[PDB]
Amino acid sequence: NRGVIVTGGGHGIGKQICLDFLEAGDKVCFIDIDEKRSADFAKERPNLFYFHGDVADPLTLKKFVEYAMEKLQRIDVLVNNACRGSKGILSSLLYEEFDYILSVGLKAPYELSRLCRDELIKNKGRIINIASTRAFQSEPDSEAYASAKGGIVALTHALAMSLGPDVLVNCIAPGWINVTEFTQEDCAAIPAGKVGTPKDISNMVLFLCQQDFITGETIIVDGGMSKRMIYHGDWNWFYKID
């Protein structure tokens, strides 16, 4: 019986989150940059509404929220999900492209939260932000993605402290989620022994929305990878110089 808005809803983790809310009995409105896949996803699913647009554009965010209000009539849950990867300093990623990554991954979650503020407060709703374990550890050439994801982890506790007790706000930080065959080493290198699936994330989204004593938190869902201490030559790991 909830109205749920989801960003990045036409594929991967976002798609599975939309499906899981539909299955829970909710109505879902999602925004996504790819019209074809998104229209198809929504087709012949009467409680699933698609809005085509780029979350990088603030005016689009306002029109998206207006559209969702027209279709859902109420907003109980906002899920901020933005998958776009990027390069960084080793690629000399230009200022404008770094900024764009921030627009999609950090400005949009703020602005959608701001647009939906009163409605979520009134409905005693929930905000769920999807980050990444890249907020906390880095591979080389990841500056833009790292910056957006670190920012959304902090934004999560900021929003939680602003909007509590009426709105609870939490973050999930996925590791490697298959959104598209893997080698034996690919799977065995992860402590949990498998690659993640969008359902591992969506199960956590739905669970967190039903809790009432968790707010401000970021939960890591990465099969234990970030907790594995790795030194060259020890416990099956090796570094190669090119």
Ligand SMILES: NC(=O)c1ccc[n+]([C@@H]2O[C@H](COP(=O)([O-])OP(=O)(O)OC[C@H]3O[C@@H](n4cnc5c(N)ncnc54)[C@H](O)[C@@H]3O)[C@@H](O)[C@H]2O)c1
The other form holds:
Number of protein chains: 4
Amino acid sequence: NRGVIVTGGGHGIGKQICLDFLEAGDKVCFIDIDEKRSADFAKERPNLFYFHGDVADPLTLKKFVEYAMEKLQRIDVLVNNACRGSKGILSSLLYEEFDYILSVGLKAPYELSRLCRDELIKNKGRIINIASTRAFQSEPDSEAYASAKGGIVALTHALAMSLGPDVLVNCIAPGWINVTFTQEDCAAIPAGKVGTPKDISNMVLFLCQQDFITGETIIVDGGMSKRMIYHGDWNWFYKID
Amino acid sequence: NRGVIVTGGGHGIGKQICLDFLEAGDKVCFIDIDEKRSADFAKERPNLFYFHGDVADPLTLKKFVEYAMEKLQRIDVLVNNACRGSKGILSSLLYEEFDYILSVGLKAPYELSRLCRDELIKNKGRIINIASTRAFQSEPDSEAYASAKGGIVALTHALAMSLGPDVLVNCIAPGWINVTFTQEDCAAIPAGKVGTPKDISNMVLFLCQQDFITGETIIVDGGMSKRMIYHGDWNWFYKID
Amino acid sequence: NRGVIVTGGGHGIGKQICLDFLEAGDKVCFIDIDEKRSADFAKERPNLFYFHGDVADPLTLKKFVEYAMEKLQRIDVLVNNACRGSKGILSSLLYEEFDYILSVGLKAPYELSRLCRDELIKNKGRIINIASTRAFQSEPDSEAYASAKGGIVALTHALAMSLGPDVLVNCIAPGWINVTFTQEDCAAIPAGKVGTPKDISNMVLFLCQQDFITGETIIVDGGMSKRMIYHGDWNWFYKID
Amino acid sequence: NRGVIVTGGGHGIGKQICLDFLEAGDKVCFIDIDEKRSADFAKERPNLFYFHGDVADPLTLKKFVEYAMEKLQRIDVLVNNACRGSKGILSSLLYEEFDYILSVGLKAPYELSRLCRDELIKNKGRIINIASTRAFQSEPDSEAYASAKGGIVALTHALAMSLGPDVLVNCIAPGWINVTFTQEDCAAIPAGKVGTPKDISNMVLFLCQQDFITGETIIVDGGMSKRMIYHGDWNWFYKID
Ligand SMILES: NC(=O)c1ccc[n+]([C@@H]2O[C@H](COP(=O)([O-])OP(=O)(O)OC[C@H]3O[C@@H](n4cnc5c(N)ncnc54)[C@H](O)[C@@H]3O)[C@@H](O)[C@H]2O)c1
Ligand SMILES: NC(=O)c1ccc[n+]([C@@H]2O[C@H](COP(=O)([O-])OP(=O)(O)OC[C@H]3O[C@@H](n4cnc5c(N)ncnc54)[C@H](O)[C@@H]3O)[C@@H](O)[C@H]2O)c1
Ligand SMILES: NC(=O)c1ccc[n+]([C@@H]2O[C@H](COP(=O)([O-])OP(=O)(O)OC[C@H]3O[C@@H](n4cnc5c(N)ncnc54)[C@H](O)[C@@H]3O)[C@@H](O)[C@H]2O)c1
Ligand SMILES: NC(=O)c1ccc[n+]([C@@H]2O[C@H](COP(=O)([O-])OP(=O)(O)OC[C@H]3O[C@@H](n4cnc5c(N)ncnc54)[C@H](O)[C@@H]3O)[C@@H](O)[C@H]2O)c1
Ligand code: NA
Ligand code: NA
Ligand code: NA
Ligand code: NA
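Could you present the same protein in the form solved in complex with ligand NAD, rather than the form solved without ligand NAD shown above?
All chains and molecules follow, beginning with the one already shown.
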């Protein structure tokens, strides 16, 4: 049926997204840097193809898409999911390392969209970007991650406006998703549980099926970002170390 | 097997929401001010119950919930959908009429949530509020509608933080939904079509089934609000009369 | 040389706003429900006029504007500041009391803007609404306050789009402003202090002097709403009781 | 008094910011790629120092800050203003060119903040980032610009959270600022005029003086982004070419 490409499909959120599309009857090709885990994931699942590589490398991206077109023969959906968090200004994270985070989290989604532009337009496809609530609020020392995620939230509406009406483009901003808890861990989140990869993949598949939502970023974080918190009020306390 | 209550269920978005829950196998009780249309809607649909009334009147809201509990015996989902458009400051909309808009669009959602509080908590239920993209951008002379819609967007995260983790509460902000077009009408929307009630009801039922989204407002407007528009650029033109 | 009207001008933020305009050389007329405090405030300040009344009552609003036009002879600036905190769904806040909060925080700003419409247009004036960060995030049991504040944020862009280019209309959303602290109280706020009325009045007078900002809401909360908080991380802890 | 560094200070917004700080009695060092214009700007203004260079180059950034410390002897304010727009996915903008835009608009602000971190903390300074309303809405073919601007909006709250309470960090998102008009050009903007560099520099200096605003992005666009626009309504028309 559909040809689907996923970045970072070897584990966590990306893995569950791959499974969901497989279950929906589609063929899936994913890129990931973790060779062993990804190869196991693809083993004995004929409709799941793995490409070993780093999305930070533009040359690797083109080879990936070429490989995907060979295995899928069509691209209907691009899921931009790859990313690894890091530190920031308090750690004095170096320029080159800040850059690498942008390469993985921001340049890759653009370049993949660019490589797949004509195919997605022809197939009237979908692009789904995975961001984070870190695009909107910050903990200290999160500069690189925030920059990449802020960037991808904006890239989402840019792509939506460039590629509409043929391609619809949306973004999901997850909160705490368990990809590996005390009663405080769970109670502190308004929805009262820690998120799961399925919470994200459900929204991915749903968004891909709609045709009147584009350019939007949807927050899936159990309500954490909506919780107003002041020290000493409603169960929350700041502790000076 | 859910008991579902919907406001403004006699037509348009509310009507489609009612049908979707019915199709899902739930029982639905809806209130609406348009009696003839609403009675026809309910006729020969045993699991669909109609209550005639104006949600602006608090007494009617209490009687409505009492009726619903009698017909449904349980309330699992509350959908706040009822609202009517209005004018504003340029029409010099009277105080009492501004108030009326607030009664329908803001007070009712709160009062219904309050009346159903214990029932929803007990049943681990859901609340879905229908707002509008008019909460975030305005045309001239829209003060009443904007105030009610802005209010309901905030009421959503307020209710979410009060009732979590037992009840999850979300909001959908529709753009242009045809509840009744030129080539320009459709082309001007990035998604390239005018919206339909099904676009909204799909999101309503999806949100009710999730358990890691709460307090959020999701924009469903074909990308219209994400489109940057300046006169003379990219096909848009301002015309002085 | 401006005629300025302020609601809730007898204390706290409103009071400081009044003083700032007086210092700027303007004449100020303010309404407030606290008579003794407000009379003292006005005493022996010839350019400061006090009108006793509850902004919840539409008749009082009209009489208030009439008084102001008699004392000021012209209205250049309207500052909607009056509001009182409340409870919500967990306290089962009654319908009539929820309504009252809306009367003070949402209906009054609209009605005052409506009463002053022609005067403000003629004078190329300004409207400044005081909201709260509670428009965007919630603590439990805050439904009434959230609804009014969310409403006023939207009312702001509605009024801006109706009255532009003649009248510019903006909103300030304060965080914690001391209108009356532990080491933790101050350290928990990223800016490292509790806010003061002057922090708000500075922005009020600044916004009135600009001519390229309209419809916006500016957050003045020492960065509190931008702080991502998860239990156990970066000095924050959730405590179950 | 204060030591101020500005990127892109040779023309437009950056130039006006430099002038404003000079007028305030501070010493200003600015980097710019346009040598002739920048040298003229600095000519015979003893407190204004020009450094020729491209902010895209990390080595140039370090030399710039070293030069600035030599001329100013202290850094109290960092204004991240440099940026040049480009195209995007419809032009199939190449990876390397997308990257360059990120280097100028996103990497530079981070690296400069990083280089000046200790100095700004010691001096309890300020960082002001210049973004754009393009961070929040898009015209077609704007991917690179959107990505950089979205990134810098998020970088702003990240820096604010990392460096508070010692350094406050804010962002201004300009709309149409004339740095070089028909009656439609002006009437189409709700505030009824095109923006000027002074509209931005006023906000820069104001923000630098506040101490209870941090992590915030302020929109200065004459209300354009708040205007709801649908084809055929309220003077706006989409034309299919
Ligand atoms: N997990 C969370 O709490 C959370 C929160 C917010 C956002 N996110 C976002 O979710 C997405 C997936 O993250 P996750 O939580 O599943 O992380 P994860 O580590 O569990 O999985 C990410 C996958 O991507 C792969 N990967 C990383 N860098 C790569 C590269 N350069 N080239 C190719 N493959 C690479 C990894 O091998 C891994 O399999 C990311 O974009 C992340 O920013 C996650
Ligand atoms: N249609 C759109 O383009 C659009 C856009 C944004 C938001 N919305 C929102 O969608 C919701 C549904 O509106 P719609 O577009 O379907 O309108 P609609 O006219 O098609 O239906 C609204 C229904 O509510 C009923 N109703 C109105 N006022 C009532 C009251 N006071 N008490 C009881 N019933 C009442 C009407 O009789 C009608 O059956 C509203 O909340 C509206 O604000 C719609
Ligand atoms: N103080 C904060 O931390 C904070 C935070 C967010 C928003 N705000 C907003 O700031 C504004 C001012 O509040 P404040 O903090 O200065 O409170 P405050 O108690 O210090 O002063 C409010 C003033 O308004 C008057 N008032 C209240 N209700 C009135 C009514 N119905 N009619 C006429 N006058 C009335 C009171 O007598 C008082 O003088 C309010 O709109 C409030 O919502 C304050
Ligand atoms: N002008 C607008 O309508 C508008 C709208 C939104 C955002 N902005 C933002 O305002 C800021 C300033 O833009 P402007 O409108 O003044 O543009 P401008 O072209 O008038 O001036 C930008 C200055 O930066 C310099 N510059 C560009 N690239 C550089 C580099 N790589 N290294 C060193 N110097 C460099 C240029 O020589 C120029 O003097 C930018 O960040 C831009 O994104 C402007
Ligand atoms: Na396989
Ligand atoms: Na029936
Ligand atoms: Na007096
Ligand atoms: Na000089």
